[PDB]
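Only one chain is shown below, in structure tokens, and it's the form solved without the ligand.
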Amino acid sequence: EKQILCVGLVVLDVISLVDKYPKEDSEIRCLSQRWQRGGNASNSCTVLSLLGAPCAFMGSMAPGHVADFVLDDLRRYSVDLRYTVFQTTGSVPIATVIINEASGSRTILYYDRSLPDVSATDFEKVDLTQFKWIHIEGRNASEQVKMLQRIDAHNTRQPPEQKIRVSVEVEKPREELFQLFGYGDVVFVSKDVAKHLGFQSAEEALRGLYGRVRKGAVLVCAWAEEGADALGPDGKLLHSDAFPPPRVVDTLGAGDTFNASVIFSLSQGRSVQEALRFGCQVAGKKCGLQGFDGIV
């Protein structure tokens, strides 16, 4: 069984659990503080692994005790780390995460880039024959476009049977990332990006942006409590309602869980409509649990 490769950046989430969202200028005693491995594509590997799909993670890494914590954790999920790009400068990024016990909301304070990104030349070294799906978390787009061109060139020399399926996520509302819309068989665009571009609903965003994706591609937009929508070459808008848990306790990585679950379902040969449904359900289940493990 060929692997699913995720290219992205691992982040250390330093999570403070509070009984209510802190009022500016107050002092509040937290219920707990914990470390959790995070990062979008990183979290998606966790979920893919939990769902039973062998996968590999490619990201930059700075040796030290933080690296040990996050790499050990990836190893626990049997994520293949052959393509870890070790950097002799910079550090693993940290995100300070406030979770409101009352609501499950997650509020993320993150920082400037703390280490070099995975480059096109790094990706050149990947043995593409090992993978049936490659997902790219949009970040350093000019480099990633080259990576995507490399996969495309590879696929031209392949039977349709042996083509590597590609997905990309455009989550941050940064201009440089929009070029990624034209790559990938599946394109995840965030609600935040949609709203930044002036769309007020997933349906609106999908209709508004479909003209930018590559021929044959499926564009997917999750819209929180409003569920998720997709639009493919046939012009039929597809939708799944959200599947909230009875009590929301932790929504950190819920979007990553959605992405992973859609990739999983699609990679398993399911329809887009079913993949959306499955994504919403697994993401919802996740929101009712601390971290990811209880989704299975």
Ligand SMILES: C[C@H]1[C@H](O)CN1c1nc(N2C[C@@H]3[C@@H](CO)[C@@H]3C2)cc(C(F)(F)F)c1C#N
Contents of the next structure:
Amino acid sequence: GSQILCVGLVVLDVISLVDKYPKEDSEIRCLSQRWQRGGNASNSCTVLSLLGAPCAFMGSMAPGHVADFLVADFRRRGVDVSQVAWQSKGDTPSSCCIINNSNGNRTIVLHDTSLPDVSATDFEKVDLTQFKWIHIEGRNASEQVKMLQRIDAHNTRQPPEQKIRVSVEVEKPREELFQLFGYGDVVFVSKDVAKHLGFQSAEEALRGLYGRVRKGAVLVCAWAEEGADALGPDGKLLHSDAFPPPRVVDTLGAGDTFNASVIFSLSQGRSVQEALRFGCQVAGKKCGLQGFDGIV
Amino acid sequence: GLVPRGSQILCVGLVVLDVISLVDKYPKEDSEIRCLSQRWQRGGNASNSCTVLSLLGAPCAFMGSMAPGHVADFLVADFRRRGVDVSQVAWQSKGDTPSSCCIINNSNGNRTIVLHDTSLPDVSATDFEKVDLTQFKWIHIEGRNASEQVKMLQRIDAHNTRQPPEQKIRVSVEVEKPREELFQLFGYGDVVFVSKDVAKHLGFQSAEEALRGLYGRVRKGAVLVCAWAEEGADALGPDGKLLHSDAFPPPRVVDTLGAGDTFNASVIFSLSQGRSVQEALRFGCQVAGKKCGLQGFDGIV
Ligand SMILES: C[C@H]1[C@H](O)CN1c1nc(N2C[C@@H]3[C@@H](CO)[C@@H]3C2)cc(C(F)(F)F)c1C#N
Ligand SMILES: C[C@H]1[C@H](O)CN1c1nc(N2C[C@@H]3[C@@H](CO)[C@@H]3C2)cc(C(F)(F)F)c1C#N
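The form deposited with the ligand bound is what I need now, so please give it after the form solved without the ligand.
Complete assembly follows, chain above in first position.
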């Protein structure tokens, strides 16, 4: 019961730092370039390791030079990679990220290689005893529901102090993913998902979606520079203002920084209010830096 | 390994990793869109000409700057996949190996480019001075860092001065960017290639106008070459006779990226084989035309 497991994507982010966002049909020169290990669950693993949490990553990779870069980067961070679902078909996903140096805006052109996703059969072969917390990035919902049903079955057979805490992230406005609201002790819903469901604020989103979560769950919604809100079974709306840096330089992975920090703070026994504040604090600190170094 | 004396064609210039993404619509700032296709391609003028030389059956070598890393590894493996000798690469301790990002809009064919950064130092005259020239029969220089490249050209001239006419290294220069610093390179090389883009920026409306207007800038005996895309290419040598070749357009145009480099490599290859300027022009247009109907460089020969 020592590690935090993150199930989701690992993507090579090919980043270009620009003075201004390029206009269509133009040729602009970038200021600088870097390769960064990306993906939601993968970025959250980076943040958890930097916060001092033992953590593991579970996701699909294909053998090759890009996987080697990613594996060496995970290993450099102290991220346990023993649970990686190695594939025999498809390439590892990669993406072109354009980071605007004047405001930190990040634009992503993702290349989805259509690598097979982590399955419920892959998850069944995992020894759950070493994990205190399991975070699932919503992707292949029907297959992930079976993974969540397996964690529930395990917890059923465990004393309350040995129960694995669960968090779920619904970040894409995909109908298939909305069944994941009913799973996990902590549900993270993105601003994009909230707006696509017609909600104009985090408070509207939380009140409008709480009926979809399981009994006792906490629903969390970060609204970028407007801060973040949480709603638990007591019906009390919790809010944290954002911690914007004076100069926002790189927002790529800000949401993942927030998720990992909320998870970390809750796993340390801190209140939902404290975890919300800590999440914004670390997300804000990150927005003032290129990448994840120096967040702690 | 052992490279036989006077056997290789060297190309000095840029190598870049081109990340090309095809999108249904241009992305709005701060958005996450999925592309239809994404390909990593080795680019750069000297680099593309190297690919074409290898496919034409010429032993060839690339000289350009790279920094150790994963971008360089991909580029090195791509050069090797194309049979390009990479022993002359100027490995750098500072800067990034060039990487560019091209977004192609599938709904209108628009190309948006986020060009590589300028952190990597170019091949210097000091780097070039440490190169034993005996293994090269032809040295082609892609005009970049002009003042440094002039010293490289002056070194090749010094070498040729003490060689019998059959062991003299032939030289070609490409002026492809409309940058003033590059225009001093017109005075170097047995063969000078001037792009349509450079010609138009100097106010020339055709290859004939460009060749007649710029011939005064080349060294005694040099041949000035100007390809004008689907209008074909022209050459002008010391005899004052304008030479022309019509283009050889493919039945369906698929990919024109690297067509100019294909033409340069083919002209160089044909001249290195002892063929006339007229024959080399025609061969250059034939290979450039064949390439335009193909995706990439496979199947050009
Ligand atoms: C997670 C949320 C939490 O609600 C505070 N925090 C911030 N999110 C920001 N986002 C989110 C989205 C990225 C893309 O992944 C864009 C920008 C920006 C800032 C900041 F104000 F620093 F600019 C902050 C903060 N603090
Ligand atoms: C090198 C020149 C030479 O003058 C014949 N050759 C061609 N160049 C073409 N270009 C070049 C430029 C790309 C942009 O990267 C546009 C298109 C097109 C054709 C073709 F007729 F096939 F379409 C041909 C030929 N042959």
